[PDB]
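Okay, here we've got a single chain as structure tokens, the form deposited in one PDB entry, with questions on binding and movement later.
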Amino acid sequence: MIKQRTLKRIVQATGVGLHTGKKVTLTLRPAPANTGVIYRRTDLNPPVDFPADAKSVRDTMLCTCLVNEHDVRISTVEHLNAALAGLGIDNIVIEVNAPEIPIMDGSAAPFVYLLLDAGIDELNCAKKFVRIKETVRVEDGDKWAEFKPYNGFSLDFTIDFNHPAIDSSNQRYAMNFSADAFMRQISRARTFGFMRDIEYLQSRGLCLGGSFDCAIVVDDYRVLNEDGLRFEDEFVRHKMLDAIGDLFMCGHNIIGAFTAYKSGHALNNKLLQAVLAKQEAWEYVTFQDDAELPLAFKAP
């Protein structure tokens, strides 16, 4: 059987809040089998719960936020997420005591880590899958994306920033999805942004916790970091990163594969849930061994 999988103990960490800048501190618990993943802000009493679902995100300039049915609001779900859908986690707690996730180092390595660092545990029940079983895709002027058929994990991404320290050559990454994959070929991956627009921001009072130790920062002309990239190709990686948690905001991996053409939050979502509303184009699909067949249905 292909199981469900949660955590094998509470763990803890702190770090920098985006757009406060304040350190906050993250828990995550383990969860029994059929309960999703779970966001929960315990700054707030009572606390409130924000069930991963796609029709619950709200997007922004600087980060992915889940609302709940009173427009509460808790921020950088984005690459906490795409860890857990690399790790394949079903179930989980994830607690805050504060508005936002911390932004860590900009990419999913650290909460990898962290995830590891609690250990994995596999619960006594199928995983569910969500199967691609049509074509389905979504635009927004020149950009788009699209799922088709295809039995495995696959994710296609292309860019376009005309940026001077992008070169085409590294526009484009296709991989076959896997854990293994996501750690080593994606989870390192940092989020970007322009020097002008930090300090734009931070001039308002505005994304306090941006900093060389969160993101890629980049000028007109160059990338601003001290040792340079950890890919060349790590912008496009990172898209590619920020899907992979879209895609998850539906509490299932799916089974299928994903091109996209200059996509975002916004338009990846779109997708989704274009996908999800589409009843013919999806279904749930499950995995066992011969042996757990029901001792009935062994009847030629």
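Residue numbers count along the first chain shown, from 1. Here the rigid core means the biggest group of C-alpha atoms that line up within 1.5 Å when the two forms are laid on top of each other. Compared with the form deposited in another entry:
- With a cut-off of 2 Å and the rigid core superposed, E280 has a Cα displacement that falls short of the cut-off between the two forms.
Hand over the structure of the form deposited in another entry; the form deposited in one PDB entry is what we had up.
No partners, no molecules, just the chain.
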């Protein structure tokens, strides 16, 4: 039987908060079967829990967050959420003593190492997958995102960004998902933005933790980071990283084929909600024998 996963032990790391520029301590905890992914703020008293749920996500001008009934938020969950999906972590409590997840290097890779430190523990309860049964498409002008039935998990993503540092040959990326492929191909791909935008935000007291150390920073013409890009198509790899995190907000790995053209956090969430809202488009499946598990979701 394919089992749900949590962590073996509690682990802690400290990083910089993108928004405040202050040190944030992140604690990852094992959790019981079926409890899912829970983000928790422990700066607040009492602490506030935000269960990961497609309906609780909000997108801002800067990042994604989860909100509670009172619109209290926890922010910058996008890249850690992608790492959870990548390693198939079903149940976990994620604490920060601050209003935001640390930005790390702008990618998901530092979170992967932290999760490896915590270890994986298999629980005695079947892991539930969401199987796509019908085609579902959502649109935003000329932008769109789609799920189709497919016995596996594939992503095919065309980026919305247009810049001299992005050739036409580097605007699309497609992959067959797996833990190893996520780690090797996607996890290290950084977020990105304009120097003038970062300077401007910082002049307004925002994004104080923003720097070359946590993003690809471009001007109108070129990548400014002295070491350049980690991949010739790093921008679109990062957008696939984001998509993997967006889709995992339902708390289940999905068996189907994902295709997107100029999508992003908002449209990816719209697709996820559209699927879950249409009863006949999907079903929960479990695997009592490891054989019939799509290759996509094998052990790391």
